[PDB]
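Could you slot chains 3, 5, 6, 4, 1 and 2 onto chain D? The hints should help.
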Amino acid sequence: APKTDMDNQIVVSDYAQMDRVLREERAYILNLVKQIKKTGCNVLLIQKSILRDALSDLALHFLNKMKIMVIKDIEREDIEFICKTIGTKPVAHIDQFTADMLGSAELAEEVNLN
Amino acid sequence: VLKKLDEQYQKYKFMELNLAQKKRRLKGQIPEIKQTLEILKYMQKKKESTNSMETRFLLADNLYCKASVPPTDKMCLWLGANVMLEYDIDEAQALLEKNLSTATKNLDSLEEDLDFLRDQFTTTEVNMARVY
Amino acid sequence: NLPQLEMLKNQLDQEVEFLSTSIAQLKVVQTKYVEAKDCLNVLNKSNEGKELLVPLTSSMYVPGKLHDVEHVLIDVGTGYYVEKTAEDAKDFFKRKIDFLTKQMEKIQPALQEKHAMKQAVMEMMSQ
Amino acid sequence: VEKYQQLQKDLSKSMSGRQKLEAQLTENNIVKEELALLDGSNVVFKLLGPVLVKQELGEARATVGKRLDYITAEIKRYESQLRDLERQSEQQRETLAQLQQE
Amino acid sequence: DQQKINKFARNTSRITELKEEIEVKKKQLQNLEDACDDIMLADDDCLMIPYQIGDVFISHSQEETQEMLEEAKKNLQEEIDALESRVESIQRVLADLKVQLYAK
Amino acid sequence: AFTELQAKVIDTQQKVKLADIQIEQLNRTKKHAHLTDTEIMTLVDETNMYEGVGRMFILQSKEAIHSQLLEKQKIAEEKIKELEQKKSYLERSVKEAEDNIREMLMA
Amino acid sequence: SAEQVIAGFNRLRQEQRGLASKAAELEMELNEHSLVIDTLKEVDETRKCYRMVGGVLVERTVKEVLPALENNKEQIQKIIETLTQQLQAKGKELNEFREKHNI
Numbered sequence: 255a256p257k258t259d260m261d262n263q264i265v266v267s268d269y270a271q272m273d274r275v276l277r278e279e280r281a282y283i284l285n286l287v288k289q290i291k292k293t294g295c296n297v298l299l300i301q302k303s304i305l306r307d308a309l310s311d312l313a314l315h316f317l318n319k320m321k322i323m324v325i326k327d328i329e330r331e332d333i334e335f336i337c338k339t340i341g342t343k344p345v346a347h348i349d350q351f352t353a354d355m356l357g358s359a360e361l362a363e364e365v366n367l368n
Numbered sequence: 049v050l051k052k053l054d055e056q057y058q059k060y061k062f063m064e065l066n067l068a069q070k071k072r073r074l075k076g077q078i079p080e081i082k083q084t085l086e087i088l089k090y091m092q093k094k095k096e097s098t099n100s101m102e103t104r105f106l107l108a109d110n111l112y113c114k115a116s117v118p119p120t121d122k123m124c125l126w127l128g129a130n131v132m133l134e135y136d137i138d139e140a141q142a143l144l145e146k147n148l149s150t151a152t153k154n155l156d157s158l159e160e161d162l163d164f165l166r167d168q169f170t171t172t173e174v175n176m177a178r179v180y
Numbered sequence: 011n012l013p014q015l016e017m018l019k020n021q022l023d024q025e026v027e028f029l030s031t032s033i034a035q036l037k038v039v040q041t042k043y044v045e046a047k048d049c050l051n052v053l054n055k056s057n058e059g060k061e062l063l064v065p066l067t068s069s070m071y072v073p074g075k076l077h078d079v080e081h082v083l084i085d086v087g088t089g090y091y092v093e094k095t096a097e098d099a100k101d102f103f104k105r106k107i108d109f110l111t112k113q114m115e116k117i118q119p120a121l122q123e124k125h126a127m128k129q130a131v132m133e134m135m136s137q
Numbered sequence: 013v014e015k016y017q018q019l020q021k022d023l024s025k026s027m028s029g030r031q032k033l034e035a036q037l038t039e040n041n042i043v044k045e046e047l048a049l050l051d052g053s054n055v056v057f058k059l060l061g062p063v064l065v066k067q068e069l070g071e072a073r074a075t076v077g078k079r080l081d082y083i084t085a086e087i088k089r090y091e092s093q094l095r096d097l098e099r100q101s102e103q104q105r106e107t108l109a110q111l112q113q114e
Numbered sequence: 019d020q021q022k023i024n025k026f027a028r029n030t031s032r033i034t035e036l037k038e039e040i041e042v043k044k045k046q047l048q049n050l051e052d053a054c055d056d057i058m059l060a061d062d063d064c065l066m067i068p069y070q071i072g073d074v075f076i077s078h079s080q081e082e083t084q085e086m087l088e089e090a091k092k093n094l095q096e097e098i099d100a101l102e103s104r105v106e107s108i109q110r111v112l113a114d115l116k117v118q119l120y121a122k
Numbered sequence: 012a013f014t015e016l017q018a019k020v021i022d023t024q025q026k027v028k029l030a031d032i033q034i035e036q037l038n039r040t041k042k043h044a045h046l047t048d049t050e051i052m053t054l055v056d057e058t059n060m061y062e063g064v065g066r067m068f069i070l071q072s073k074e075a076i077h078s079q080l081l082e083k084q085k086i087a088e089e090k091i092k093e094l095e096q097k098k099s100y101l102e103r104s105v106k107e108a109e110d111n112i113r114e115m116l117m118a
Numbered sequence: 022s023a024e025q026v027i028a029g030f031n032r033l034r035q036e037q038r039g040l041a042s043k044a045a046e047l048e049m050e051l052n053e054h055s056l057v058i059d060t061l062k063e064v065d066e067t068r069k070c071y072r073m074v075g076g077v078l079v080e081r082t083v084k085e086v087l088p089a090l091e092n093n094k095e096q097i098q099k100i101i102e103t104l105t106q107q108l109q110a111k112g113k114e115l116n117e118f119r120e121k122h123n124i
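Chains as they are written, first to last, in the deposited numbering: chain D, 255 to 368; chain 3, 49 to 180; chain 5, 11 to 137; chain 6, 13 to 114; chain 4, 19 to 122; chain 1, 12 to 118; chain 2, 22 to 124.
Just chain D, with the same shape it has in the complex:
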């Protein structure tokens, strides 16, 4: 969830408010993560935690565990070559995040080999 002083949207200055803060901070970690597999994804291109504000691992772990292929912190110029050459269309946003603007990789593999 978008950053101010932290990676998540959680900044706790009160518990009476924290119960009240509990309510709406539960989504972003769930939704966009699930939205990845709601549209469905076998892969995920993600720019770097420096290139993108914060990447919740607690969200990305469940996002990984949804058995999408996450490349977290991936370089943009490969993404560029991914976008144009193999046709993974730009998603900068949820308005732009669909199953279609996703490239379809006849195979995608994390390779420790070679």
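Just so you know, these hints were derived from the structure itself, not from any lab.
Heads up, the beta-carbon is just placed ideally off N, CA and C, and yes, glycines get one too.
There may be inaccurate statements among the hints.
With beta-carbon atoms standing in for the labels, derived distance ranges [what the hints assert, rightly or not]:
{"no.": "1", "chain 1": "3", "residue 1": "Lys-89", "chain 2": "D", "residue 2": "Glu-278", "range": "47 to 55 Å"}
{"no.": "2", "chain 1": "2", "residue 1": "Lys-84", "chain 2": "3", "residue 2": "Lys-52", "range": "48 to 56 Å"}
{"no.": "3", "chain 1": "D", "residue 1": "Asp-354", "chain 2": "6", "residue 2": "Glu-45", "range": "52 to 60 Å"}
{"no.": "4", "chain 1": "1", "residue 1": "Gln-33", "chain 2": "5", "residue 2": "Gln-24", "range": "24 to 32 Å"}
{"no.": "5", "chain 1": "D", "residue 1": "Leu-286", "chain 2": "3", "residue 2": "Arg-72", "range": "19 to 27 Å"}
{"no.": "6", "chain 1": "3", "residue 1": "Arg-72", "chain 2": "1", "residue 2": "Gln-33", "range": "34 to 42 Å"}
{"no.": "7", "chain 1": "3", "residue 1": "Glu-173", "chain 2": "2", "residue 2": "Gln-25", "range": "29 to 37 Å"}
{"no.": "8", "chain 1": "1", "residue 1": "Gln-33", "chain 2": "2", "residue 2": "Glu-24", "range": "30 to 38 Å"}
{"no.": "9", "chain 1": "6", "residue 1": "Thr-38", "chain 2": "2", "residue 2": "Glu-63", "range": "43 to 51 Å"}
{"no.": "10", "chain 1": "1", "residue 1": "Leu-81", "chain 2": "5", "residue 2": "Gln-24", "range": "42 to 50 Å"}
Just chains 3, 5, 6, 4, 1 and 2 now, with coordinates in the frame of chain D:
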């Protein structure tokens, strides 16, 4: 005469204090018994054994202990009033579904009568402080 | 002279009972760390595979056979849950039995000055 | 005028809401020792909100640290709510009670 | 005396009587889903996520816990907009009693 | 003087009445312990008899109850002695210290 | 002198406070028993019946629990009115012994 109002004053004092208790007793009971329906229904696998799932024993106020729930197929239900009965899978559902309807109905009539009751109490309460 | 020492005797008798109030409930919660410690014995001692009744919720109990006597709770956090060894819990129960017992003997001496000062207020009045 | 007492209420009301969670403040450090008094011998969970949630010992003191963040701050709230609400009460004694005499 | 005030005090009492109940409906649904707050961040569905039902639990993935909780939330949110119908109803009849008291 | 009187009388008062609820409960427990065994054994047969010191109630043998009520009624029989003695003797020092309170006050 | 003046109020402030909440405490058990005779007796009783206190649970016959339940509710209905009669008598001498202090 002072004799007319104090009869209302003392009786409306006893009944307004009594009915609001059962009005509140019928108040808290409506969600509670219903939640126990659903808790039971979560636990019930109908035409099967209820509560075959995980459990943590409640030993006393400060303590839990992990265990496995599944019993012979019955559910003990807390009545109050120094009485509890055994209840089976449906016999738990039989009493429990039933008390949801009863506790729901008896409030508003007890409330609406209490509404005019304290309308009788406070109205009488005004004239008594006049004389004495 | 007399009424001024009357109402102050009246007020200090609340200080009597308020500390008498703060000690009394403190013994209950003491004993429910006992009662939790108490139930942990009967549980641990009995057996595995025999029926129980532990409260399901209001209006119901949930029965079942006992297993895992050693996995326990010591109430902590906000209601945060922990497991300990069954002997770890008894001590923490007893530790929480040991704690509340001292505030009792902390309250009673402060409960005493509320009597004597009250009586000292009465003493000038009566005498 | 009630502007004494509503404030005296606002005084007296949050006086306890402050001091209420010192118990769960203590309990959040108690579990941390219970997390220390275990090496993982007995798995720790969390109840705030109904369901049971498995928690790593690191996640545990992260949770009870959250649960310490679910406590410490609501204790810190009141001390200012003590003063004005007796004072502005006394200041409403210096206004509304002054409003009465004139 | 007057016959209005004791009836005039009836709607006022049922205002906050009914109005406050939405809070505990929120706070539960608020706190009921804290059970969801805790589960996806730490402890995902690689393990089991039990949904507490009374004294016993139903163990299942990250998902079914956020489901069986949602229905405990879902049933609770319906009475919110069902009660606010009667909550907002009781205040205006009070104002309707505020009209005819000034004459008597 | 009334300065020292309030401390002496309350201390010994809470010493004696301790041993009282200490002794009298043991007898009443024992006396009430006779009831539950007669309550279960009145049934011709029962498949469920639960024992607990709290909101947990576990299935256990009816034979284990009488022996659990054996030493219990034996220990409750043992403790009463000094619990009468700590009541009987410590009853003295509270009233003896409470005597000069009102009578010197009434005078 | 002023001794019973300070005692009488203090006596009647303590016990009437103590007997203030004892009147309706049974009346909720009255409500609880009037509830159970309405809720429990409405469902069938063929079932093994329990008398429960905090510590221990007793196994009982379906018949044997009946003399315990309603006699309590009647024991409830009986002594709620008499203790309340004793409260109003305290309130008179309490106010009697309060005014001498607040004079």
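Could you work out which of the previously given hints the structure breaks and list their numbers from low to high?
Structure breaks hints 1, 5.
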